[PDB]
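As a plain string of letters, each chain reads:
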Amino acid sequence: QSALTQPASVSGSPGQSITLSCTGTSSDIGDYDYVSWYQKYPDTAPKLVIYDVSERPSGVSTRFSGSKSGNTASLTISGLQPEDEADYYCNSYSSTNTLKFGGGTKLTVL
Amino acid sequence: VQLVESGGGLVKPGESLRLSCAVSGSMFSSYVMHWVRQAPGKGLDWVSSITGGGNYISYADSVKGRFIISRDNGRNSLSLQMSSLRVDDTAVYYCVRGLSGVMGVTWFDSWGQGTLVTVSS
Amino acid sequence: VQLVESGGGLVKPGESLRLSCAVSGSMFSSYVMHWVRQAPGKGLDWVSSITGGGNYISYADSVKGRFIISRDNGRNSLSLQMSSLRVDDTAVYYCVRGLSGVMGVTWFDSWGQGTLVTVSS
Amino acid sequence: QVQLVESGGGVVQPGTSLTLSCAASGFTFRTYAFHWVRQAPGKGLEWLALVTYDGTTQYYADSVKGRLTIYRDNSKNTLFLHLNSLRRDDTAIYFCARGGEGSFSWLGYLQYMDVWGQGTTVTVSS
Amino acid sequence: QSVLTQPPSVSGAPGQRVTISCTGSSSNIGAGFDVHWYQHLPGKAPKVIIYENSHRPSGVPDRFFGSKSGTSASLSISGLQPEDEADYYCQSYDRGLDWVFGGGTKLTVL
Amino acid sequence: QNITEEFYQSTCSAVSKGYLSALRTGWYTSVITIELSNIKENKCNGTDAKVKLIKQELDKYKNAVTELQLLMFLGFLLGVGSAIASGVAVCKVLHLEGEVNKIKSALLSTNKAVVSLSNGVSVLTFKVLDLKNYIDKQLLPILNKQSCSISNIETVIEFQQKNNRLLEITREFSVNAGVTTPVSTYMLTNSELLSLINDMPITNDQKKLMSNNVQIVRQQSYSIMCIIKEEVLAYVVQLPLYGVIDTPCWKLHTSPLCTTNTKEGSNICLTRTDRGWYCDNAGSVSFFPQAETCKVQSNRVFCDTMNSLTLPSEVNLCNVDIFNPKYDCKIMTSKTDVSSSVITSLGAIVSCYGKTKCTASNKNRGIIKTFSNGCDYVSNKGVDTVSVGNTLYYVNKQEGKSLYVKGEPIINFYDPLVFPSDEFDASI
Amino acid sequence: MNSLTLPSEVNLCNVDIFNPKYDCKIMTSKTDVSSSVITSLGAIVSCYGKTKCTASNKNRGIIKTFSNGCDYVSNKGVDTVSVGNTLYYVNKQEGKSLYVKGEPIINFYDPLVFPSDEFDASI
Amino acid sequence: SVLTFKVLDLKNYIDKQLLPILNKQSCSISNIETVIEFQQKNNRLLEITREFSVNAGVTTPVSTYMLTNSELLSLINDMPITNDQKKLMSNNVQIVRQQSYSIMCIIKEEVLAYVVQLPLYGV
Amino acid sequence: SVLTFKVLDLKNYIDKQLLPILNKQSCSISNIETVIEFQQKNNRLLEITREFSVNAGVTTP
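Protein chains in written order, with the working numbering: chain A, 2 to 111; chain B, 62 to 182; chain C, 62 to 182; chain D, 9 to 134; chain E, 2 to 111; chain F, 106 to 533; chain G, 541 to 663; chain H, -15 to 107; chain I, 4 to 64.
Misleading hints may appear alongside valid ones.
[Claimed, not checked] Straight line, CA to CA, 27 Å or less: simulated BS3-like cross-link-like pairs of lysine-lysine:
no., chain 1, residue 1, chain 2, residue 2
1, E, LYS45, B, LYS103
2, E, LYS69, F, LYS197
3, I, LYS44, I, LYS14
4, H, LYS25, F, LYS197
5, F, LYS157, H, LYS(-10)
6, F, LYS435, G, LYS604
7, F, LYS167, H, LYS8
8, C, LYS73, C, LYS103
9, E, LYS69, F, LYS312
10, G, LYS616, F, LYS197
11, G, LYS598, E, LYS69
12, D, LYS73, F, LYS197
13, F, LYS165, H, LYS(-5)
14, F, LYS145, F, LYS165
15, F, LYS155, D, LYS73
16, B, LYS103, E, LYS48
17, G, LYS598, F, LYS312
18, G, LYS616, F, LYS435
19, E, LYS48, G, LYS561
20, F, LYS197, G, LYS632
21, F, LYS155, H, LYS25
22, F, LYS431, G, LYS598
23, G, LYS636, F, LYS197
24, G, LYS641, G, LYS604
25, F, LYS460, F, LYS368
26, G, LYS592, F, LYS431
27, F, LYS160, H, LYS(-5)
28, F, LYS207, G, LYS592
29, F, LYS207, G, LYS598
30, F, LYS165, H, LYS0
31, G, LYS641, G, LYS561
32, G, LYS570, G, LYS592
33, H, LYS(-5), F, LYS155
34, D, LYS84, A, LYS107
35, H, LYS25, H, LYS8
[To be verified] Some, not all, of what chain A presents toward chain D, calculated at C-beta under 8 Å:
no., residue
36, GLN2
37, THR6
38, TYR35
39, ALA46
40, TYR90
I should point out that these hints are in silico values taken from the structure, not numbers from a laboratory. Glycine included, every Cβ here is placed at the ideal spot set by N, Cα and C.
Bound-form chain A, shown alone:
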């Protein structure tokens, strides 16, 4: 299935900044101002962490920061935590009337 390329996992200690990103086409996360990032813990429901490129929802920390550059969506963190071991996806409205998803990036600490 067509999806978004993402890193498999990132290695980072608590207290540092990761910049996990995905890259699509023009009919994808590129343009449309619909960049969304989502994190999920194992056997838990996924939750909204980034919507509308840079808008942050309620009930979540501001240390998450989503943005986009051309056809590349990015999510940045500050001051990493052991609880941030999760999988991440970028979902956005692709203009062929669909909601394209991400490949999943695993944020872990050692």
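Starting from the known structure of chain A, fit chains B, C, D, E, F, G, H and I onto it as the hints suggest.
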């Protein structure tokens, strides 16, 4: 409100012939006229319809131009012609004076006596 | 054309109560009703307006839903409820039978006697 | 109280078309809209389908179209999917979710993931 | 051949109530057209039992009771009487075959 | 076809013998919906030149949808009925909650259908346009991009093709305030009107008649505006049914009949106050006094029976023999002597009296007939124009056969001055 | 602009026709016309002579048949009214109806002393 | 001292977005997108001109091309009436559109204007 | 022998500026400016059609 008609008999298939319809109603100018037929055995079905001035004729699929219907309103009479014929067309033919519905539909009120037409052999 | 109303007295602020208005007009169905108040000292100002069938209610900025007005046209009377109250609302309240102007502006013709309502302490 | 609980699923034969149901309580349902998604073991989240208020403009992904039909009832407000011709690859946990705010049928307004379910586990084997 | 279907094998002793149902396709009756029950006793002319399922004609008894629902018309007769022996019909104005007639039901006493 | 007439000279009157009635007797309601989706703010940067017209056009569409949201001689004896009755009833059925949702769901892909309602009414459903697909696939994916810019202007001009119709609906209902007489072609395209002719439950000869007279049924149809809620905007056409078709229906023209007394003002006179249309409908006649209600088209009259009289079948007896002991034979009477003339289908009845020029003239030979006194008649196929006093008239040059019968001065059978002169409605 | 500033004493004549307070204007004629009119909440039938008079609805067919005299039907019991050869549809808009008992006022006078030659008159 | 109102601004559009472009040396437009919005700023005036050659100066009722409905609501919030009348006229914009007339005033010194006789509502 | 008059010339426009272009092999217009003036030469006829469709042949005024 009564209705007498004639034209029955045993005639071979393939030839045209008259069927009369001689309703004696006073206000036979407006009501719709239909001809139906009851076959020996198999039940009755509709054949032909004619509407007042006779400008909106309709026929059943058994006769496409085979039975041609025309009324002379001045002579308050009606006539059906057997332009084309078939051996299965033997039946008792019935003139019937229908009244228009609340929508438009023919109720097929009080009928004629019915004339037997046979075309066998 | 006269006007008699009641409902005055000394009541503490912060409670709902009734102001009756009992006009004896013969064709009290069409004219616009207003309720105004004259404070002790400071002059008179408009409070509430009601229009015939009571479907175009309007109030002054002193009460936003605090003073709710209705009229029973069959019993030719007005009722005003003090849903919310304030100690400055002490005044002599006046029913006024106003007549529509050329555009509809109320002339505020012949008034009632005026009922004193006090809310101090 | 905002929640999404699930209905249906389990172990399924190949073929044997599945009916899956949402369930939600504690909020309005017709005003917003429901939609269906999955994620399978060994990979991540994959979009499936969306509806608006009532049954209109049933959005389908290109990989899900044809096999799956989706429909919402207004009686007790639980989204129903019916998926047909089940293969070996559909073993996944399926999640209801809600989206959209006003009287909109546009996918751009229908992309907020305001609440998620626990998902039904569908497993195919022999 | 008739699109209207009614069982031509219904009969009973005088006294009880017998209900006759004639059904058709969607393009007739259920397409906003009315059904008209007749009778075909041998001898004199066939005449209408009831028309458009609610108006009975002028001279009829009240035994006949017509009703319509979707593409199906019903005619119920309470207290069967000896000369009810007739072939009962149903008609409509199907958009295909213009004026259609049913198979008919042969009602007789025992 | 076979238009004929018989001007009686006994009483000055013309009968238009030979026509087919095709009278409406009821309404057939139908709901027409246009699907449409709510558009939010533009979500665009700058003004540009390519992506500019989208903004004004979507604002116009928003204005239209919010505007429609804000939207929701025997005439004295003639009965009055609310013509806008069944359509507003169907709208009122639609006002119940969850009812238009049945139209929304059931008419999901099929263009036309029939659904049942909560009052047992199961008339019809139809969708006229599909702004779902166009709006959510060819407009909103493009206008709502990051730093939006259209690909080409060819996108927006077809948006004109999919929005001027809705704007025409808006401006039709804004002017005439819910009720429109007649129905504009924007509320129903004519090919789709023919499709609707092939839809409603009527017999096929009615279908052929309404097909051949789509302009007539368009002229007599009404439109009422129903609800907008859950954005499935819809209205009802109350297009006319046609109960009775093809019966003789005659037009009674009437004229003054005044005795030629030289002493002015003492010549009492009278007309048949029976001008209008008489169609032989069922075991009676439908009488239409108001000639403006009835329409004519090539031997086919079309007149709505809501403003008619169910007059008894004994009307031709009075029409031929005025002095009969069977009908009242209503009379207009006055001593006022007015020179005047009327035009029938196949000629002209002149009734000039006193000092007044009276001429029938045609362009070929000039003047062709001079009328001295009394009411006279001219066939249409001998003359083009008729002049009475200082005014002219042109006769219908439509082909037909005429016969002029000999009559008599009926008013001279009575005494010259015993008549009353102070009534509009009377009888012999 | 097209109205009359008629005096406030008009409901008196509206309820009680025979009052010594208002002129109570009258149309009169011997012509007998079967006709029917439609109000907001029902239908007034005034068919006379040999004329079919029916109030009927699509639910259960006919629901009322009128012999003679003017009668009335509430709107929330019936959809259509047939008089003679013509049909009308009543307004289905919801409202409460009350039908009061009256009397044949014209039968209070002599059968034939009335004039019949005026459009405008009064009692 | 009744009222004044300006509906359109063809000064700016004509003398800034049309005439600097059409009146160049060997004129040629930049893009067709300039002219279609000219259709937006000329179809209104053409609707005016086409609906007054028909009704000859006086029109019954008022068309939406003489007054857009939002601007009619603005005028409702303008004339000297009481606010309950404003609310009623807001709720019956279609009715007040039906009752309103429109008469044609002068065109001289190219400031073309016309009077509307929209109804008041006293009682 | 009253009078005759021709209001529009769709012979030339249809048979020179539309059909030589729309009826090519694998047709494609040169520019959209061709069709918008076609709006000028077809809106009038459509207006005539919608006038006679509403008033049914005879129009006042």
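Going down the list of hints, with the structure as the test:
no.: 1; hint: E:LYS45 / B:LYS103; in the structure: holds (18 Å)
no.: 2; hint: E:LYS69 / F:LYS197; in the structure: holds (25 Å)
no.: 3; hint: I:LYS44 / I:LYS14; in the structure: holds (11 Å)
no.: 4; hint: H:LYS25 / F:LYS197; in the structure: violated (40 Å)
no.: 5; hint: F:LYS157 / H:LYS(-10); in the structure: holds (23 Å)
no.: 6; hint: F:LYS435 / G:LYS604; in the structure: violated (33 Å)
no.: 7; hint: F:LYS167 / H:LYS8; in the structure: violated (38 Å)
no.: 8; hint: C:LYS73 / C:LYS103; in the structure: holds (21 Å)
no.: 9; hint: E:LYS69 / F:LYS312; in the structure: holds (25 Å)
no.: 10; hint: G:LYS616 / F:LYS197; in the structure: holds (13 Å)
no.: 11; hint: G:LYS598 / E:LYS69; in the structure: holds (11 Å)
no.: 12; hint: D:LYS73 / F:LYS197; in the structure: violated (39 Å)
no.: 13; hint: F:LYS165 / H:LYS(-5); in the structure: holds (22 Å)
no.: 14; hint: F:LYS145 / F:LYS165; in the structure: holds (13 Å)
no.: 15; hint: F:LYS155 / D:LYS73; in the structure: violated (35 Å)
no.: 16; hint: B:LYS103 / E:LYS48; in the structure: holds (18 Å)
no.: 17; hint: G:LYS598 / F:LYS312; in the structure: holds (23 Å)
no.: 18; hint: G:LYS616 / F:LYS435; in the structure: violated (39 Å)
no.: 19; hint: E:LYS48 / G:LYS561; in the structure: violated (62 Å)
no.: 20; hint: F:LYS197 / G:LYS632; in the structure: holds (8 Å)
no.: 21; hint: F:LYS155 / H:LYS25; in the structure: holds (17 Å)
no.: 22; hint: F:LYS431 / G:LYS598; in the structure: violated (38 Å)
no.: 23; hint: G:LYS636 / F:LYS197; in the structure: holds (17 Å)
no.: 24; hint: G:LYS641 / G:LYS604; in the structure: holds (18 Å)
no.: 25; hint: F:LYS460 / F:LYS368; in the structure: holds (12 Å)
no.: 26; hint: G:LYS592 / F:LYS431; in the structure: holds (21 Å)
no.: 27; hint: F:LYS160 / H:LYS(-5); in the structure: holds (22 Å)
no.: 28; hint: F:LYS207 / G:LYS592; in the structure: violated (38 Å)
no.: 29; hint: F:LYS207 / G:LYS598; in the structure: holds (21 Å)
no.: 30; hint: F:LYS165 / H:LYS0; in the structure: holds (24 Å)
no.: 31; hint: G:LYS641 / G:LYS561; in the structure: holds (23 Å)
no.: 32; hint: G:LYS570 / G:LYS592; in the structure: holds (21 Å)
no.: 33; hint: H:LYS(-5) / F:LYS155; in the structure: holds (23 Å)
no.: 34; hint: D:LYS84 / A:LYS107; in the structure: violated (39 Å)
no.: 35; hint: H:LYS25 / H:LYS8; in the structure: holds (21 Å)
no.: 36; hint: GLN2; in the structure: holds (5 Å)
no.: 37; hint: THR6; in the structure: violated (12 Å)
no.: 38; hint: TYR35; in the structure: holds (6 Å)
no.: 39; hint: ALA46; in the structure: holds (4 Å)
no.: 40; hint: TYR90; in the structure: holds (5 Å)
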